[PDB]
Every structure is written in C-alpha cells, then in structure tokens.
Amino acid sequence: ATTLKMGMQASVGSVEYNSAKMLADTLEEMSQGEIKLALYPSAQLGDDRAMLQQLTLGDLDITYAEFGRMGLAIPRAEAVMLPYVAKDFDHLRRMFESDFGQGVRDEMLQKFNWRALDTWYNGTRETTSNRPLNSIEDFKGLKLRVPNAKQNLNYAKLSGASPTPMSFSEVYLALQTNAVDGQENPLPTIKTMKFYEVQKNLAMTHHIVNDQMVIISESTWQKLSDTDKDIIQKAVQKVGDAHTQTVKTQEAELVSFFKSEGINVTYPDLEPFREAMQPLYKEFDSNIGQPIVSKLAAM
Amino acid sequence: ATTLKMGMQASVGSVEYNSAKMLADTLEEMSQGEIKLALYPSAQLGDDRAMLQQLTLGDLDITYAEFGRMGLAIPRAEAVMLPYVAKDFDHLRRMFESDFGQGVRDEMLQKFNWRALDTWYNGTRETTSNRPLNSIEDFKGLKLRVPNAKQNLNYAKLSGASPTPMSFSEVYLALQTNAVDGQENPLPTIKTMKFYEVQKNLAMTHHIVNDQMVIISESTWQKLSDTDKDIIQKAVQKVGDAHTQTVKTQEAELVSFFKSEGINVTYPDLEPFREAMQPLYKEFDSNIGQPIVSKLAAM
Amino acid sequence: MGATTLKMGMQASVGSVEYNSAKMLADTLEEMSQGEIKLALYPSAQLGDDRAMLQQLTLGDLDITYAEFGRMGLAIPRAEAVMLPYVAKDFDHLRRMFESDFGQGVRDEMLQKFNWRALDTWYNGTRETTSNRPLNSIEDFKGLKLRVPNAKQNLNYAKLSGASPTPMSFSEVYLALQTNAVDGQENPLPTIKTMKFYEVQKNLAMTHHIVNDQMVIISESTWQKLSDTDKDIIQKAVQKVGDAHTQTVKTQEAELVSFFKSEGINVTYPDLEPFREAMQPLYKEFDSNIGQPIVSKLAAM
Amino acid sequence: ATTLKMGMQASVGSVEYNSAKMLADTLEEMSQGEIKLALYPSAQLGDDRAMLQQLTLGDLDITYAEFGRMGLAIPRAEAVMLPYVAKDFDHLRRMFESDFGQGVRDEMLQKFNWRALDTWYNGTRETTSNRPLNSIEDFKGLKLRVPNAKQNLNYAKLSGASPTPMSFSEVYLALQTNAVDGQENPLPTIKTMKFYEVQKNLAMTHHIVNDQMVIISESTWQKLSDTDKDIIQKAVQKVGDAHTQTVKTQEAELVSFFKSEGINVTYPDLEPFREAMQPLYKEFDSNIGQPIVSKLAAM
Amino acid sequence: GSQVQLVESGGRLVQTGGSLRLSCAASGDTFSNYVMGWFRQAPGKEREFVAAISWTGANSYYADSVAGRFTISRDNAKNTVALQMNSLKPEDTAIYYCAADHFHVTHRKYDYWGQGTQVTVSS
Amino acid sequence: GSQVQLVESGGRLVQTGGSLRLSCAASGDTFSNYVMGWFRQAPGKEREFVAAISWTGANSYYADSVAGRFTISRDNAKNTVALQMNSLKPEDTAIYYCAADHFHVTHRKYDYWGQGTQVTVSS
Amino acid sequence: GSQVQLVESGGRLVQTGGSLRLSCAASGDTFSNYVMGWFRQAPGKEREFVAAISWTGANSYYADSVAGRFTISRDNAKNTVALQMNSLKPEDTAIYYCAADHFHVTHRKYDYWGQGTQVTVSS
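Residue numbers (this note's numbering), protein chains in the order written: chain B, 1 to 299; chain L, 1001 to 1299; chain F, 2001 to 2301; chain A, 3001 to 3299; chain P, 4001 to 4123; chain S, 5001 to 5123; chain Y, 6001 to 6123.
Mixed in with the good hints there might be a few duds.
Taking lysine-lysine and the DSS-like style, the derived pairs with C-alpha atoms no more than 27 Å apart in a straight line are [claimed, not checked]:
| # | chain 1 | residue 1 | chain 2 | residue 2 |
| --- | --- | --- | --- | --- |
| 1 | B | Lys-200 | B | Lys-248 |
| 2 | F | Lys-2145 | F | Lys-2193 |
| 3 | Y | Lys-6109 | B | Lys-111 |
| 4 | L | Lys-1021 | L | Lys-1140 |
| 5 | B | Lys-234 | F | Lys-2261 |
| 6 | F | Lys-2089 | S | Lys-5078 |
| 7 | A | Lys-3157 | F | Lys-2231 |
| 8 | S | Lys-5089 | F | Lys-2284 |
| 9 | L | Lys-1021 | B | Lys-36 |
| 10 | B | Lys-295 | A | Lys-3238 |
| 11 | A | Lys-3005 | A | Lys-3021 |
| 12 | L | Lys-1248 | L | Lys-1238 |
| 13 | L | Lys-1259 | L | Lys-1021 |
| 14 | B | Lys-143 | B | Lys-259 |
| 15 | F | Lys-2261 | F | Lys-2152 |
| 16 | S | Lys-5078 | L | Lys-1150 |
| 17 | L | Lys-1194 | B | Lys-223 |
Keep in mind the hints are simulated off the structure, nothing from the lab.
Full structure from sequences and hints, please.
So, in structure tokens, the structure goes:
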C-alpha cells in the first residue's frame, strides 16, 4: 500500500481540513485501504511556503497552495493574486485554465516538482478591525495584520494601513491584545478561526480572491499506479466540488451570522481602492518584462 | 409456450453472454415465440459448480461448463483439462467426440441430468501479473489467483506460484488492490473483464485450453417436443460456430491491443512448464485407477 | 458547413426551469460560437409530446429535445427500469445508473438504433402528489382519480397505491384539476409551482415516488454534420447549463414547501413503506418481461 | 541601464516568441542586468507594418520583419518574396547577402531607420483548407485567407482562389466560422496557432519562403555603447542559429504529426503554380523599371 | 415476452385500378408499444417503404409512390394493422411485408417482420 | 483511523424451505474491535437489519422476521462473520450486505460495508 | 528587475586545516525572494552542491562532504550570502560558485550564477 502525507496551515474544523479529511476517507474507501492519507494540520510542518519546499524536495506528498502563491517560484503567476484583478472565482478559474495558466502549471511541474491536480474556491478576503472602516481614509494608521505574502502587504500599505506580517497561528492573540488593529481573510476563515470574537468590525472589501490548488509531489505522483492516479484525481474533484460549494454557501450566510454576533459590517466604496492599485499593476508588468495584468483582467 | 432459464458466470459484454443472448433471440425467432430464454449472468445464481448442481436438481435449465469441469462429478473427465495436455480446441473437441468422450457424456446425462448439446471454443488461458514473468523462475512468490478448479490450482502450484483460489467476481478488485499479483484467463476474458487495466504484464503461457459446453437439464429436455429439441439443437449450433470463430478472431488481434495499451507481453519458455506437469499426469492416472492422460494426448 | 440553427422542442412552457435553461443554452451557444450556432425553441408541446418529439429526432425533423433516461423505455425496454417507482433513490443514484455500463449500453442503443445522442442529463426533481382531498396514508389513495402522464411507470405508481389512474397530456392538466375532472396529479416541486397546479390543488403529499432526470438529446445525424469545435462548444455549454439547472431544482425543491404552506396548501408526509409495499410484484414482473434481471442490479448501484 | 522594447505579431508558444525570450534572457545575462528586453507579443502594438513604422519614428526599439516585407518601403525588395522565386532559405539568404540585398539593407537604414542585425529562417508557406487540394485546378472558388501583403495575395489570385486579406489574429476564428475556406502559412505556425483544429486538409504548395530579420531602431542603436552593440549582435546571431534550426527540425516532423491528427495532406503538382506566376514576374520587372527576377532566381 | 410475431394476409391477383386490403395480425409483445409499417419488395431490390402508422394511429407516414392512393390503419384491440390499397397499378406488384418497431425509422430496417404476402396487379 | 474492508460471498439460487450460508471476510483493521452485522435490501426498499454479533460472540441481535430461522456467528481467528439462513422463503430474496461498526447501533447506519451478494429464493 | 546578478569574492591560496570565508554580493531582483546556494566545480567534473540557505535563513542544506566544516549564512539587509569554510583539505580545491534560485532544488540547476571564485588549498 501507499500512505501519502498531506500538510496544511488550516486547523481541525476548517473547511480546508474537513475537505482533506473527506479526501482521506474517500481515498482509503475508493482504494479499499491501498491509498491512505495522513494529515498534518495547523502548520506543524511549517507555513505553506515551507511545505511547498518540502514537496519540491520529495519530503512531503500533498499540500494546499493558492495559484497566485506560485509567484514565490514563478514570478508572473503572482499577478493572478494582485488585489482586485480577479473579479470572482470563475474568473480565477479562467486564468488557471488559460494558456498562461497551463504554462505556469507546466513550470510548476517541471522546475519545482509540483503537480496541481485541481483548484478549489477558498473565499474572497474581507477586512476585520477593532476600528470602524467606513472609507479608505479609515485605513490610514490602521495596524493591519497580513500573511507573509506581498500582495496582501500591497493591499494594506496601498490602502494607507500599516502592514504587520505575521504567521497565521499568532493572529487570534495579536487581535485579542490589540497588538494589531485588524486582519484580512475570507469569511469562512474568520468564523472557523473565530477572529470575530476579537474583532467587532467587518469591511466587505473584496480585495483578493483565494483559490486553493491541491498539489502532489511530482516524484510521489510518478511512482503511483495508473489506478491510484485515477482514484486520486476523481476523489480530488469530488471533494473539490463540495469544498467550492461549501465556501459559496458560507459566504452567503456568514454576513448575517456576524451581524447576529453584534459585528458592525461596513461596505466602503471600493473605487479608491482599485484606483490605488493602478500604479502597482504597471510596476508589476514592468517587473515581469511582459504585460500580463491587462491580459488576465480581461479573461 | 416454454421459457427456459440459463445461468452463467460471464458478464454482459462477454463473448459468452453475446452468444447466449444471440441464442435467446434465435430461439424465439426460430420457434415464432414458443421458446423463450431468460438469462441470469454474472454468477447471480452461483458459480458454474452451483449452477451445474441446480441443473442436476431441475431448478435451472441451461448453463455453461467446460468438459473438464465435469471432473467435479466424473473424475476421469478432468483429464482433458490437465495443464498442457490439450494442444488446441480441435484436439480437445476430439477428446469430447471420442468413445471416452461419449462415455463421460453418457454418465453426465444418466447420473447427473446433464445433456451436452454442443461444445464451443472459449480460448486458451494465459497469465497476467503486476510483475514481469520472463521465465518460470519469475513465478516463485507470485500470488496467483486461480478459480476453484483443481487443474488451475495445479498449474499455479507446479509452476512455483502461491495459488489463491478465488471466485470470478472478486478478481478485478483483488488485482486493483494487490491482495493479488496475477490471474490467468483467456485473452477475450482479460479484455471483457478489463484485467489489463489492472495488470501491466501478460505471459503467453498457453497452459489450459478452455471449451464451453452448453448443457440443458435432461429432465427439461425430455419435456420438450421433437420440434423444440431440433430448434434448440440447431440454434445451439448456430451460435457455437459463431462463438468459436469470434474467440479465434479475438485471440489473433488482442495481443496487439494489449501492447497498444502499454501492456508488457512476455513469451516465456514453456519447456520448464510442461516438464513441471509430468508428475501430475502420473498422479492422475493412478488416482483414476486406469491410464487416460496419454490416451487423450495422442488423440 | 456554415451558419447552423438547431431546432429544440419541449413540453415545458415559458417560465419553467426547463425553458429557462434552454433559453440560457440558446443564450450560451451563439455567444461562444460568435453567431454560427443558433438554437430555436419550441416550448409548450406545440410540436407534440416528448414521445412525438423524440420520433422527430429519430427521423431528422427536429434536432434537440428533452427526455428522461427512463423514458427511453419507449424504445429500449430495459431502460424503463430506472423510472420504476422508488427504484432510483435520488439523482446521484440515477446518474450512477445513467453512467454505468448498463447506462452506456442503453445510450449506445439510443445512438445506433434511434439516432439519439444524449449529451448530458440534468436533475428535474422528485415527483410528489397533489390532490383535492387530504392524502395522509396510502389508504387515502383508493378511489382517487389521479392524473398521470402517458407513461407506464407513472400509471403503475398510481395503479398500486390504489388510485384510479387517468392518463392525459401535460397541457390539459391544470384545467382538469380546476374542473375536478381529476382529483389529483403528480409532478415535481418546481413544476407544481411553475405550472401553478397549487392554485387548484389544496393538498400536497410528499410521496417521493419517482426521481426525474432530464437528458439533453441531439439528433445524431445533425450532430455528425457539426465540426469538432462546434461539438466542443455544444458539449461545453450543455454541461455548463446542466450544473445550473440541477442546482436550481435542488434550491427550489428545498424552499417551495415553505412557499406552498404559506399559500394555505395542506402538506402530508404519509408513511411510504406501504407504497414501497406495492411495487415489489411490479419489479418481479419487470425482470420477467425482459428476459434478464435488472431491477435489483440498478437499485444496488 | 537600457530597457529595449520589442514587438511581434507572434503569440506565446511560437518559435518567434520563444526565440525572442531566449534573446531577452541572453541579453540580461551577457550584460549582467545591463540590457533588458521587454516583449510585446500577439500584435498588441499593431501588425508588423505598424511596428516597422514605430521603429522608423523611434517609438519602438526592435521588431521582426521578413526581407520581402521591406517592399512596403523599398519596392524592389518585394521581389524576394514573389511566389516560387526563392526555392528555399539558403537561396533567400543569398539574396539578402548579394550586392542587391545590401543596396536594400543600406536604404532601409538611411531612409527608414531600420538596421537589420540578422535574418533567420521562419519556414516555407503551405496551404490549409476545408476541402482537399490535389491540384491548382482545385483552388477555384476557394475563399483563401492571405495576409496584409501583396505577394501572398498574388499567389492566391493567380492560383485562382478568391483572396481574403485578414489580420493574423482573426484567422483561427475565420476558419472556425467557415467565413474562410483556407489559409496560408508555414507549418510551425499552423501548429502553434492550431489552425489544424479548424482545417481538415493541408496542401504542400511551397509557394513562399519566409525569412525573418531582427530589426533595431537606428536611433536606438546609436544611443548604445559599442559593447552593447557587440553583445546584441552576438546574441541575435546565436538565437538565430537555434531559431533557424528549430524551424528546420519542426518542418521535418510536422507532416507526420498532422497525419496523426487525421489531416489529409496533399502533395499537389507544383509546375502548374510556377506557370501561373510567369506573368507576375513580367509585370514586376516592368513595373520596377529594371529586370530583377531573373537576377534573384539565378543567385 | 419481448419479441413480436407478424402474419400478413390479403394477397391476391387484382386488376389495374382495383382496390385491395391487406391485413396483418400481431402477437407476442404489447401491440400498442409498436409503430406498424408496410414494406414491399421486388426480387433483386431492396424493400420500398410503403406506409407506417404511430402507436395511437395519430401519426401516419407514406411513400410518395403511394401517397393519396394507399391508406394505413391499425386496431389496438384486435392487434392488427391494415393497408387499404386503391387505384392499384402494375408497378405495385410485389411481396408486401408487415413490420413492427418501437419507432418509425428510415436509417435502418424494422426490428420485426411477417412471412410476406403476394400482391399481383394485372394490366 | 484505519478502515475495515468487507467482502461477502455465498449468494445463490435456492428453493423455498432451503438453507444457505453467507460468509464475509474482513481486512484492514482489527476484526475483534468491531460489532459485525448483516443487512439486506430489496430494490425499492430500505436496508433491513437482519442480525448482529458482538466482538466476542456473547451477544447476538436478530430481526423478528428471521428469528429462529437465521443464525449469525463469527470467527475472530479467520476474521470472518457468517449468516446461516434456514427455512428460506421468497420474501427472503434480497441483496445481503456485510457491515461492521464499533458498537451495535440502530439510530444510524454501520460505518463499513461490503458491496453485497444476491440471494434468490424461488417460490 | 526580473533577474539576479551575483559576484563571488574570497578566492585565495590557503593551507590544509586553514579556514576561508567566501562572500557573494547579489543585485537585481529582491534578494529575500531567493534560496542562496554554493556550488563548486573541479575541471572535467560536474558541479558539486556544497550548501544552501532558505530565504529567511531558517533552513540550511549541506553536502555530506562538508558537514561540520562549512557554514552558510546570509544577510538580507546587505543582500549577501557567505560560506565559512573550516578544516579545508586539498580535495576542497575548486572554483566555488554562488547561485540563486526561488526554491532549493536537487533535480535541476539553479537559475542564476556568478562566475565563481577560485579556492586553492595547498597540501
């Protein structure tokens, strides 16, 4: 038999973990015990960048990553994650499927040993805070936590906030102690993590759309049998459809839930945010050496 | 009118089923609706051993069986199925047509209520596996699935494999899961059951030639009219001539098909296989109390 | 080769979920083809019922129509088994029947013998029973004049609950309920709403007796006249619209009960095991007619 | 540092683009970050004619153009692309290399600010169509797409097709919608653009040999240091050897491939095309005022 | 029992301009499940479609060679299909076949067939 | 944790009043950790509890429909559970499923299941 | 800027048992985006991996031939990577290359290279 190892930053009770456990059950059931999936959640193996590095070297078999997170390895791919460039998940899916997407996915595979088997919707990031965020001007001087990702940092700084890079496990406490004034994540993550317990304001800013690629180590994949490959591929898509639907369902319900927990929910005007990102798009195209932002936004 | 019940282990899409379905159509036709044939494939009534027993008791009307499978009831009849004794279908049919053959057929009818109407070619058994089988020495440590039949068991054991008796319905999954390394069947069955998609190697070992008698319950036969008897005999006819030809045709291309499906095809030296069976023939003659193997081989 | 206009017929009327999806499909097609594939719609059974429209596809007079996978029993008798009452438990089960080797065998026979290429199948809902009198148990079905479509398995459901089946076409149903020429009818959650049977029926009995799929069928002779890219567009799109259609029905089926009761509809949840009484002898004859057992195989998928 | 901008009609995944990135990389490496080359593919800056105009005015730094395309500015230069005059690339390269070619290379530089640094092989044009083209006789009433070039049109009319001038970006769709019956290009382009998906026949007409000069703006060239000029001159010559080779290799492989995609490939008789061009050679020489076609054909 | 057995009757020697009614008796599977058709064959040829009638008799189909002259009808109580032939001409001399299929088809031959009945039209 | 894999055998055609023994072989996780159950299903109907046996064989549970007729047993050395069926009637015709769970439960379905074996009882 | 320019310094003549520190200065793209590596090549051979250091310095990778003797370090403010070499032997004589890649890789060549500094160890 084969036991594959999957690491993730998400904790038990998250939509990411529940999907991975559903995947583990489905694989063991559909293979009648010949494929087992061991789960290592809560970033005990490192952050997503660390786990991606482990896949590249053949030390970890499976992990989650956003398609734009591939900008860590394939610079042009970061554009899909530029704030407000992807208007919705379907748009992001179109980027993933385009000739540009297939080109990146090839480069992931040949140069970094990453086979993206599928990509799911993981939600659109909103901004929570201990201070009301009615307008972009309210972000000025706001102590905003961001993950170690440049485009989340770009969103914060270019809003006028002060970005504070910090790992995902440290976030709840930093908000509780008001060491940071705000944070930003999709609504399902805000609930499962219970950031709303330490954040009284929520600003529907829609600044970044997160997908979630399921990546297998290419060295692990190529030793699998054709039957194992099919089982995994079909299980992965079966669980992904559920994951994407669960996220969409949650994003429709959770604003009402947060209001029912006395959260002040604001809908700031997004036009000045999109205007603030325009110089970043031009900087990005110039850095890549080839224009892509206009191409991607038009897909 | 008369409705006859036919059971078989073979599944829909098999050459055995297509001929049995052709027979059902041909009978209704040639009787203008007075003879109907209901089909119960995929061993839903039991394996051939169970269905033969149902014919003996008059609970099932028609079923398939190999001439050597009659050894379950008439021990000397198993000799036609000893590995490598029958050279080809024509030789096996000559055993079936000989005075010895007529003796077994008489004992089938009077002692076990089995009237053999015809016998068809069902193919020559080859060996598939998850490991390459270049020589007989590659067989040792192979967990080789065999049907619950003594001579298939003897083939596996005396070639040096670890025989695993298992029913025909359980085989595909056992190969998927490497509870098993290999199985042995004719090429058309490997195609129909799609064993090739779970087995990467095919070893042309030619170890057993399979016929397939069409047997009607003698108590059912005696209730039919002479016109019904002729219709059935002539139909069971038509279909055997086609069936035998279909099997021969398939065996001629199907080697090419498996290669085009990336199957590794090995032509092992059969001399060590045939030599390994020599003591088995001696045991059999001694067990029957009368020599028969050499007589049959010389037919 | 050139500009192509496909002809699609359906019994469903404007404002139905079936029509909205066909209009969306029409909407999707000439968009992705830059105007080279167009789809004309003929709703409200103006070309005939589903059986008549299938016959037109076979003869090449109509290009696309809806049909249930079990409705193929009109042409491929073993296929009716998927529509036997209560045999298919939910849509996922029906799709597994639709995609099994048995399903592909039927779909191949559709294509070779009757010129039907099934491109996809969608969920159209699970049929429930409405009536002018309350239907608390199977015992209340005796003496009910229950309208059924011209379909053997809808009749069988009615017959074996103890009702008096009255087969008649879908366009005549609303008025026969208005005139109480029939006491009841049986159809899905979205259809009772869209067709507004609830206006004229005070009771609804969650009987869950038949799960309806909805195949999108194209005439094979027209399909074979298409280019490979046109086929890809059509394939991409029908599968595109089907995901929405199936989801739309699931959404509506979950809410429409809250709606009906708010329209003073009396809704009963009768004990269904006695309805399951009754199809047991029907299943056994079905296997017997066909010459080969299939019902037990299908139920187990 | 200096950032040079290069435009091309070719799309990502073409040999022209792959060579242009390969250049861009060689430039940045051999100059140690000195010289960067920004790429603008897929004709986003205009067609080759528009980009040539941008070089002349100093608004764009580098672009591709074939030597015969200089006929837009230096009418005698069109002779090199007259259908069938140049058999193959070596002949065309020799024309570029003759004294005539170097009157043209000088006039390009002085009158139009075009410095041709090198010229590469880009392939020999063939004809694809929706109906089979066994002979020149079959072209008639064929709606054949040609470029935004006179000599490609001349090939079409004098073969008898109805020429449809059309931009390179619009071709795939015009074939898909059967607004056009056929198109004309080299095989590496037919593949890269995937015209074969919308074209069922391929007619080896060998009517025009395409080179592809690398052109730099003379005003841009003169702002460079002598070391930059040498780096660039070495780079383009090096990628051209590879580019020329890839075209030669692919041209040898692709006929079998298109066959593997059910493409019907017709080797029509090519003498009937060379008679159709005889009056065109007449007309050309008479128009220019001085005979040249017999010159070039003899090089 | 799924197969259908068909028996034609009516074949006669008739005169030009005369009228003749063929009848076909069906047994076996449920008669109303089938479209009933009439075909005719002269030696060497294939078979000509003559007429077909839908399950309920609501749709009927005719060949141009006999349209306006011939009428097809069915009786789902007697399990019979009939072909009324009028204004018969000599071209019409053939063996006439009754056939049944689940649907009217033109790209293939019907599933089930009768023994054939001979129609002779004299000049 | 680890899952349990189940494979039933035994399915046959038998006569009314006949006897049949079904068998189920378990792999994957420790067999003695599980309560073993037998269930049966008719096409329209729902999985009918038949019998269950505790880890040690000390407890046995039976449906009233099969009491006195059926016997459930297990072998913790061979990792098998068996269902002895006696005095069979046409009403016993069903697909029979082997199932495993950590405890006998009635408010939910057992965790693990075989793919089923068909038992046909003739009238 | 899309690309990284690297310049190694430190190459010297040194004796067996001596220690030498190599340094590499990086320019162009953001230095913290890259895993920094050290490779060495003797004439005729393959380049040998020596050491690599992750973006933040948290992970370090070493060849077995240099374990305990060599230390790799980086400075993301000065945009430099250093290789401290101790207990050198003549077999350590090679040209040492500074290299950059977005991730540590072993199946492939690093993307960017300086051209190296010559280390000569005398017996």
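Evaluated hints:
1. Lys-200(B) x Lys-248(B): holds, 23 Å
2. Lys-2145(F) x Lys-2193(F): Satisfied, since the Cα-Cα distance of roughly 21 Å is no more than 27 Å.
3. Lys-6109(Y) x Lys-111(B): The given pair, whose Cα atoms are some 9 Å apart, holds under the 27 Å limit.
4. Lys-1021(L) x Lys-1140(L): violated, 41 Å
5. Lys-234(B) x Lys-2261(F): Answer violated: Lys-234(B) to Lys-2261(F) is near 41 Å, above 27 Å.
6. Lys-2089(F) x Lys-5078(S): At roughly 36 Å apart (the allowed maximum being 27 Å), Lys-5078(S) and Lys-2089(F) break the hint.
7. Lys-3157(A) x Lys-2231(F): violated, 33 Å
8. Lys-5089(S) x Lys-2284(F): Answer holds: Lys-5089(S) to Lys-2284(F) is near 15 Å, not above 27 Å.
9. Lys-1021(L) x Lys-36(B): violated, 42 Å
10. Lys-295(B) x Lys-3238(A): The hint is violated at about 31 Å.
11. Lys-3005(A) x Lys-3021(A): holds, 12 Å
12. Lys-1248(L) x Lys-1238(L): holds, 16 Å
13. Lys-1259(L) x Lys-1021(L): violated, 30 Å
14. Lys-143(B) x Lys-259(B): holds, 23 Å
15. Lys-2261(F) x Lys-2152(F): violated, 31 Å
16. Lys-5078(S) x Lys-1150(L): holds, 23 Å
17. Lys-1194(L) x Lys-223(B): holds, 22 Å
Figure legend: structure checked against the earlier numbered hints; hints not met, in rising order: 4, 5, 6, 7, 9, 10, 13 and 15.
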